[PDB]
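**Student:** As a plain string of letters, each chain reads:
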Amino acid sequence: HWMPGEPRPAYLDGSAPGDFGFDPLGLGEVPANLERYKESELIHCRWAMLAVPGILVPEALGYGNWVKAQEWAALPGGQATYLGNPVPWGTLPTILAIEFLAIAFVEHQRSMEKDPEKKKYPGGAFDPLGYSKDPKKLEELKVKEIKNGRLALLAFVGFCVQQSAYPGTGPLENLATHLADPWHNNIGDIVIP
Amino acid sequence: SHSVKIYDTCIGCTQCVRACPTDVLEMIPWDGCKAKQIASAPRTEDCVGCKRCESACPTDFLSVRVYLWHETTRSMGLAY
Amino acid sequence: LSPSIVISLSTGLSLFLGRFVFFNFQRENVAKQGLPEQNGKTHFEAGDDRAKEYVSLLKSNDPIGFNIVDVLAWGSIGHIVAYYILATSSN
Amino acid sequence: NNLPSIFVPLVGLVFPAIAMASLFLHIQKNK
Amino acid sequence: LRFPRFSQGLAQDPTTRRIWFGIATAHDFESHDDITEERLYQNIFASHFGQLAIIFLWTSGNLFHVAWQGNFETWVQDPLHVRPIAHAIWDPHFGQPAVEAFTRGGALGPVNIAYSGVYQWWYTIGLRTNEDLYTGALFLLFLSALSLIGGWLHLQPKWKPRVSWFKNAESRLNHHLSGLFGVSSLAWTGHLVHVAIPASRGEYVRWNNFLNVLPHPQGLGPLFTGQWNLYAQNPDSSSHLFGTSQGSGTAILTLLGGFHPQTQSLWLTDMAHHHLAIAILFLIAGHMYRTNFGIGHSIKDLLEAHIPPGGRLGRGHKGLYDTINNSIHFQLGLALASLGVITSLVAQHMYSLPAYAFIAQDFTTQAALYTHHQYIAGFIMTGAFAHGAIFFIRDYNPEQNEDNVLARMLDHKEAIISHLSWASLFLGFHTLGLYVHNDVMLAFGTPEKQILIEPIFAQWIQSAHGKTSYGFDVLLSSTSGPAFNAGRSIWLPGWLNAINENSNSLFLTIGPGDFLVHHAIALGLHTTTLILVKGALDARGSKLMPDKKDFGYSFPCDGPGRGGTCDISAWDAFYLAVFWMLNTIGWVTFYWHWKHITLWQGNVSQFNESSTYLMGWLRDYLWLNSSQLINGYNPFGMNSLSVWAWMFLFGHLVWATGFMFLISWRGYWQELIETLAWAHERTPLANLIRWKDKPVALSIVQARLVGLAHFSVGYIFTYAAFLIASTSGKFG
Amino acid sequence: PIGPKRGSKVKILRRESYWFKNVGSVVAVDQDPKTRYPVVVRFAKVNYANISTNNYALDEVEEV
Amino acid sequence: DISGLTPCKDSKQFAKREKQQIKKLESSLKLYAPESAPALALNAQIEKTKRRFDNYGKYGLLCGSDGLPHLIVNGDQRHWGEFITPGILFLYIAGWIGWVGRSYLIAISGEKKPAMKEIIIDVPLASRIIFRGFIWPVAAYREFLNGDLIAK
Ligand code: CLA
Ligand code: CLA
Ligand code: CLA
Ligand SMILES: CC1=C(/C=C/C(C)=C/C=C/C(C)=C/C=C/C=C(C)/C=C/C=C(C)/C=C/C2=C(C)CCCC2(C)C)C(C)(C)CCC1
Ligand SMILES: CC1=C(/C=C/C(C)=C/C=C/C(C)=C/C=C/C=C(C)/C=C/C=C(C)/C=C/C2=C(C)CCCC2(C)C)C(C)(C)CCC1
Ligand SMILES: CC1=C(C/C=C(\C)CCC[C@H](C)CCC[C@H](C)CCCC(C)C)C(=O)c2ccccc2C1=O
Ligand code: SF4
Ligand code: SF4
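Protein chains in written order, with the working numbering: chain A, 164 to 356; chain B, 73 to 152; chain C, 51 to 141; chain D, 86 to 116; chain E, 69 to 800; chain F, 569 to 632; chain G, 1462 to 1613.
This is chain A alone, in the form it adopts within the complex:
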């Protein structure tokens, strides 16, 4: 339970993976709306669980934080770089053309599926290593996946919020700053001036 001593909603029986009876606003009363929300939550968790490795590793190697990598496109004629090496196809109009075309096909392909179970865990060709053979392990795996995704979403929220308070600073820079003098570099001096 998300809070002991609180009654659970009737539609949250606790049988779904990663279900802890959390719905204070009652946004999932409609059976059709609840089924869609699980797919959206899984998509968000999967997308955010890939950004975290890509937001710290480039910074930890001294290539700059995650917001400096987008400044070149505002400049006229700016060219992209990777591992310190400029890419020949790093022009702005070329970058958008491949990005839109490549993902407009996969997302539309995902939309066309009609079986609700496959919209979340399609199986088949996306599971080459055969981790879905055991139904007993599958439930604990789904619980592990759901539990980590919300943590990654919270981590991304922290990443985004810390940037607003300290412009031009990276999350690892934030950790280093806090580690030096913990009792004066923290949330307190921001909440009250």
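Everything labelled a hint here was simulated from the structure, so no lab data went into it.
One thing to keep in mind: the hints can contain errors.
To be verified - Distance condition first, Cα-Cα at most 27 angstroms in a straight line; then the derived BS3-like pairs of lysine-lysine:
(1) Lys-296/A to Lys-201/A
(2) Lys-1613/G to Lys-481/E
(3) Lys-517/E to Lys-1473/G
(4) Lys-577/F to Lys-1573/G
(5) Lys-1574/G to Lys-589/F
(6) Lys-577/F to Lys-589/F
(7) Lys-1578/G to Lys-1509/G
As the list claims (entries may be wrong) - Just some of the chain B residues that point at chain F, by a computed CB distance under 7 angstroms:
(8) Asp-103
(9) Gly-104
(10) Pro-130
(11) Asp-132
(12) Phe-133
Stated by the list, open to error - With the Cβ distance kept under 7 angstroms, some of the chain C side facing chain E (calculated, not the full set):
(13) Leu-59
(14) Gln-83
(15) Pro-86
(16) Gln-88
(17) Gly-97
(18) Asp-98
(19) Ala-101
(20) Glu-103
(21) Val-105
For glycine and all other residues, C-beta sits at the position ideal for the given N, C-alpha and C.
Position chains B, C, D, E, F and G with the ligands relative to chain A; hints supplied.
**Tutor:** Chains B, C, D, E, F and G with the ligands in isolation, oriented as in the chain A frame:
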């Protein structure tokens, strides 16, 4: 001539026919109420439209209704 | 300085996208949203003689039923995109 | 010019009289 | 049968009521004998054709009179020192001093000075000689004749449209959006580029040579190659003189922003770009709905699928397509609401961003245009609610509209009415209290005790647009913000130059008086909306008259029973709302006129100090500015302002006359009339003449309409005379 | 016996009534099968005609 | 300096207004003997005017170009005394009055002829009810929470 209608919520207390300034309304026998009476409007061509009948109806909403309609020399009260 | 004739290749890309990717979505949306109707009857069958659908134009020998109206619409989208790209540059 | 000396009385005195006479005859008609 | 031909019941009336009611129900095609839907639609179509013909004839007459009796050619050379002439005067009743006084301008006789702004409008669009106006008048006469012929043709059995044609909403929407708005705006840009822009640069382009002059030196080559930036090069210099080639450029589409330095109006190359962009936008949007080509949207399916899954809106928009399509009062109300909003926007925008050359320096024209458009917008806004109530009475079907958005508003009408009443009462109470407190403070000689409140939010909004007169330094007023940096190289320089110059009407400075008058305007709007909404929602019945829908839209009463039912119909609800609309528009126009008069005289401090109390208004606006009006004619002579004083007194007379019909009621007058018939019948040499229709007093509903008409006519004429005379006596 | 008993409280379901969705007390019920509106209800508040009594049918009153 | 305003104590027009009012008051004083009562009244009026102007100067108000104080109601802490605190006081008093009226109306609703207790007030019951409105916010909040506030 104006239109006068009677509805079956009548209780037959004869209050409308007594307040008529002309001879328009009258009472006929009926079954459906304790008084065993109901009003009638056989002479609507003499109606002037002062709506005194509706001022005397005791029923919550009126069991007698007057709808103003095409005007004649009788319904305008002219004695030229 | 980009050439105008080469930039108009966006028409081919838009036609390819319409014919090979978004065909089924558009067809099923059109099937779901039927013909406009008044009082439960379509415009033609209610009495309007000028509201008859043009069957002859709809018949095409394309294997998947690609029409000429679809060609016109996707080509218009491609031309709009190409001219937006051309106009935005050289500023 | 001399046109206003004609059109002004023609519009203000003659046409209103003609229109009023015709309209009175039309609204007073019966069959 | 006799007049009226369309009403059997009225034609048998033996009294004079037959004529009065015969005139007043001619255009209500729904209540005529033996009427069908098809005949109704055909009659509406013919009436629309006739209205178009009348409009074309009116415009043609205006042009012909300006050409024949005006001074357009000499006004062009010196726009700022010539008074435009509307038409000539031929009144046999005039005396010699009247002939001398009204002979103004370069005329050879009495004339009228035009205040409609037609001269500046025609001069801006490229008309330069009297020969152009004659051609325009001839073309408009031809257009009116064509409209009449087209109107007559469609009433014949061969060319009669059917009801199914009138109910094809998708095709009509597509065609209107694509052509009537997009192609129409595309042609205006062509006219501007080909004629009007060359005209302002000293080039003469007409029909006989427009096929040999290139609007741009490079032709259409840049357009097809995508090199659209070549059309914006070399714009007009800041030293440009309008109508001449000194300091002119060659561009045709620009984004300069601001005002022309000499004419104090918008650049001619900005309007062409604006019309081109809006034409493209309208042309694209006209391809949305489904027609017989197999693609598009269905409006019925669009409405039926927009229902929230939570059920908080009931069934949503289901069945609304047939409700709107089968009802014409619904469509008329929607159109009237949109038209009123658009007219108000036009009135608000034309005074602060002038588009015609030398119209900002003509002070008498601006106020007249503003007042005219605002009053028209108010009337249209009243009509929208009136026709909404008519729709609710006549065309609403409860069964087909079960539990949708339309039906759920009749469920909780009490809450809406009560909340509107609360808002109105709150606003009125506090505004009147503050005004009376300020007046009492000024009466006792202690002006420092006033409650003066700065309009902080409006000043913040003004600072957000780049105004630096308050020191807020936000957004466009901050030079380091992203918003300022984004547009600093396109339009920000001109806009900032125009907004920070304190002689024009672009974002005038505001104070506590603006706060008070704005809240008074809000109170008026809320009260008028309350009256109209209460009238519309209670149209089908209430607790006092549950069966109101069986008695129609307009009826006098329900008798003196149940306490009395005076003014119980929705028509009386509309009738009570005209007074409030007039009051609100009067307040708005008073505020505008006083503020602009104080601005033009160069004594803005007077308005700032004297507008916080009502005695200040009464003394420094009405009493002070009416001196030249009431001196039009005196025991010593007369001048050119005599007609405005005469109209002032005439409007006072009509406004006072309306009170007789508004206050006294019918029963007093029938008894008085009954004696005059006896007097006529008993008089010798006069009883030889007898009437054909028995005289009677005016009906209950008729007298209300007559009184309202007198009231409105007096209001309009009196204010128009005062405004026009007071502006023209001072600023010409 | 026909309809509600005397002294019981009923609410009105007649839309054109002054006391619509209001509670009243039953005074008497006429047992004649030919009577159309036999239930007599008395209310605490008066209507616009200063009347506090009415007759209702069996289908326009419900027990509360 | 919000919206280009200036403090009262730094405004010259404020002092000019004070001087003009004082000079106007002193002109009528020359018509009366110093010991006469109207002279005392005029002296008191002059002293009151001076005290009022000094008090306005002390409270940190803002003056416009005309030398008149202006009120800021946007919520700045520097001007919370012009609008915020009197507003809260008014809200408290109005809630007290409304709660007392509602309680009195509810109390007499169960009587045989409640309309008779509205034109002839039951003074002891009202007096016992009057003191209860001093804690109206708590009672109103708890009544809202229990669902008693709104009629069913
Ligand atoms: C100058 C004339 C005048 C004034 C002051 C009002 C004022 C008002 N009208 Mg109104 N009205 C007028 C003319 C006027 N009308 C005309 C000519 C018409 C056309 C017939 C209408 C039609 C009309 C309609 C249709 C409606 C109103 C409504 C209202 C009220 C809502 C506005 C508000 O906020 O209340 C502000 C409150 C006040 C201005 C009242 C001031 C209270 C003071 C303090 C009274 C003091 C009493 C005394 C000093 C103490 C005792 C002393 C002893 C000698 C008596 C308001 C009281 C609406 C309404 O009543 O519902 C909300 C409404 O629906 N009016
Ligand atoms: C229902 C009442 C009402 C209405 C219709 C308006 C309408 C308007 N106000 Mg306004 N105003 C109101 C109440 C109202 N006001 C009150 C109570 C205050 C004092 C706080 C103000 C202070 C104010 C300023 C300072 C300005 C306006 C302005 C304006 C105009 C522009 C729109 C705007 O800024 O909205 C403003 C809308 C609001 C402030 C919302 C108020 C509505 C709530 C529900 C009132 C509740 C009062 C609340 C209980 C007070 C609690 C305070 C307490 C903690 C001490 C517009 C005509 C501007 C303008 O153009 O002036 C020329 C402007 O500069 N208003
Ligand atoms: C300013 C408004 C006004 C005006 C002009 C009038 C005028 C009149 N009222 Mg009156 N009245 C008013 C407001 C007004 N009232 C108000 C507010 C009330 C309170 C409800 C009353 C209550 C009232 C009562 C109770 C009675 C009158 C009566 C009369 C008439 C007196 C006899 C007569 O013929 O006088 C002479 C007429 C005039 C002076 C008006 C004409 C003005 C000049 C001469 C214009 C002439 C133009 C000329 C004919 C050419 C026109 C042609 C055209 C093409 C232009 C007179 C018409 C009495 C009546 O019916 O007659 C005995 C009567 O009993 N009134
Ligand atoms: C036969 C065939 C084929 C081929 C085909 C093709 C190749 C086709 C094409 C087609 C096309 C190729 C089409 C097109 C179209 C186009 C369009 C439809 C256009 C439009 C346009 C527009 C709409 C425009 C607009 C505009 C704007 C917006 C602005 C500026 C101006 C302009 C005017 C430009 C194949 C072998 C494969 C197979 C077998 C069969
Ligand atoms: C009764 C009735 C009716 C009628 C009604 C009416 C008449 C109404 C009206 C209404 C109205 C009359 C409304 C209005 C509205 C408005 C609005 C809604 C507005 C909005 C605005 C906005 C949205 C804005 C925006 C913006 C932007 C975008 C930018 C800048 C800033 C701003 C903010 C300005 C009908 C027939 C239907 C039906 C039956 C019944
Ligand atoms: C004065 C008055 C009369 C008497 C006035 C009458 C009968 C006037 C009748 C018309 C006369 C003959 C003057 C007509 C003036 C017009 C300008 C002429 C016709 C114009 C056409 C366009 C119609 C009433 O009948 C009445 C009825 C109900 C409430 C109030 C009153 C009321 O106040
Ligand atoms: S309206 Fe008058 S005349 Fe007609 S029936 Fe009733 S009381 Fe008699
Ligand atoms: S005064 Fe006239 S309108 Fe009013 S209730 Fe009596 S008869 Fe009807």
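**Student:** Confirm or reject each hint.
**Tutor:** Hints, one by one, checked against the model:
Proposed proximity of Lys-296/A and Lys-201/A is supported: the alpha carbons are some 23 angstroms apart, at most 27 angstroms. For the proposed pair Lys-1613/G and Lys-481/E, the alpha carbon gap of about 19 angstroms is at most 27 angstroms, so the pair holds. The suggested pairing of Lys-517/E with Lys-1473/G holds, with an alpha-carbon distance near 18 angstroms, which does not exceed 27 angstroms. A distance of roughly 17 angstroms separates the Cα atoms of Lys-577/F and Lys-1573/G; the hinted pair therefore holds under the 27 angstroms criterion.
Between the alpha carbons of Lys-1574/G and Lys-589/F the distance comes to roughly 22 angstroms, so the proposed pair stays at or under 27 angstroms and holds. The hinted pair formed by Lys-577/F and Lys-589/F meets the criterion: a straight-line CA distance of about 12 angstroms does not exceed 27 angstroms. Distance check on the hinted pair: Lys-1578/G and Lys-1509/G sit about 49 angstroms apart at the alpha-carbon level, beyond 27 angstroms; violated. At about 5 angstroms, the closest approach between the beta carbon of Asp-103/B and any beta carbon in chain F falls short of 7 angstroms, and the interface hint on this residue holds.
The beta carbon of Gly-104/B is positioned within 7 angstroms of a beta carbon in chain F (closest approach about 5 angstroms), and the interface hint is therefore held. A least Cβ separation of about 6 angstroms between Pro-130/B and chain F falls short of the 7 angstroms threshold, and the interface hint therefore holds. At its closest, the beta carbon of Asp-132/B sits 5 angstroms from a beta carbon of chain F; the interface hint therefore holds under the 7 angstroms criterion. A hinted interface residue such as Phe-133/B counts as satisfied when its beta carbon comes closer than 7 angstroms to some beta carbon of chain F; here the least separation is about 5 angstroms, so the hint holds.
The beta carbon of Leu-59/C is not positioned within 7 angstroms of any beta carbon in chain E (closest approach about 14 angstroms), and the interface hint is therefore violated. The restraint placing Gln-83/C at the interface with chain E holds, with a minimum CB-CB distance near 5 angstroms, inside the 7 angstroms limit. A cut of 7 angstroms between beta carbons decides the hint on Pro-86/C: the least distance to chain E is about 5 angstroms, and the hint holds. The beta carbon of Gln-88/C is positioned within 7 angstroms of a beta carbon in chain E (closest approach about 5 angstroms), and the interface hint is therefore held.
With its C-beta approaching chain E no nearer than about 4 angstroms, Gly-97/C sits inside the 7 angstroms limit, and its interface hint holds. Residue-level restraint check for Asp-98/C holds (minimum Cβ-Cβ distance to chain E is 4 angstroms; threshold 7 angstroms). Residue-level restraint check for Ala-101/C holds (minimum Cβ-Cβ distance to chain E is 6 angstroms; threshold 7 angstroms). At a threshold of 7 angstroms, the smallest CB-CB gap from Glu-103/C to chain E is about 5 angstroms, leaving the interface hint in force.
Because the beta carbon of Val-105/C sits about 10 angstroms from the nearest beta carbon in chain E, more than 7 angstroms, this interface hint is broken.
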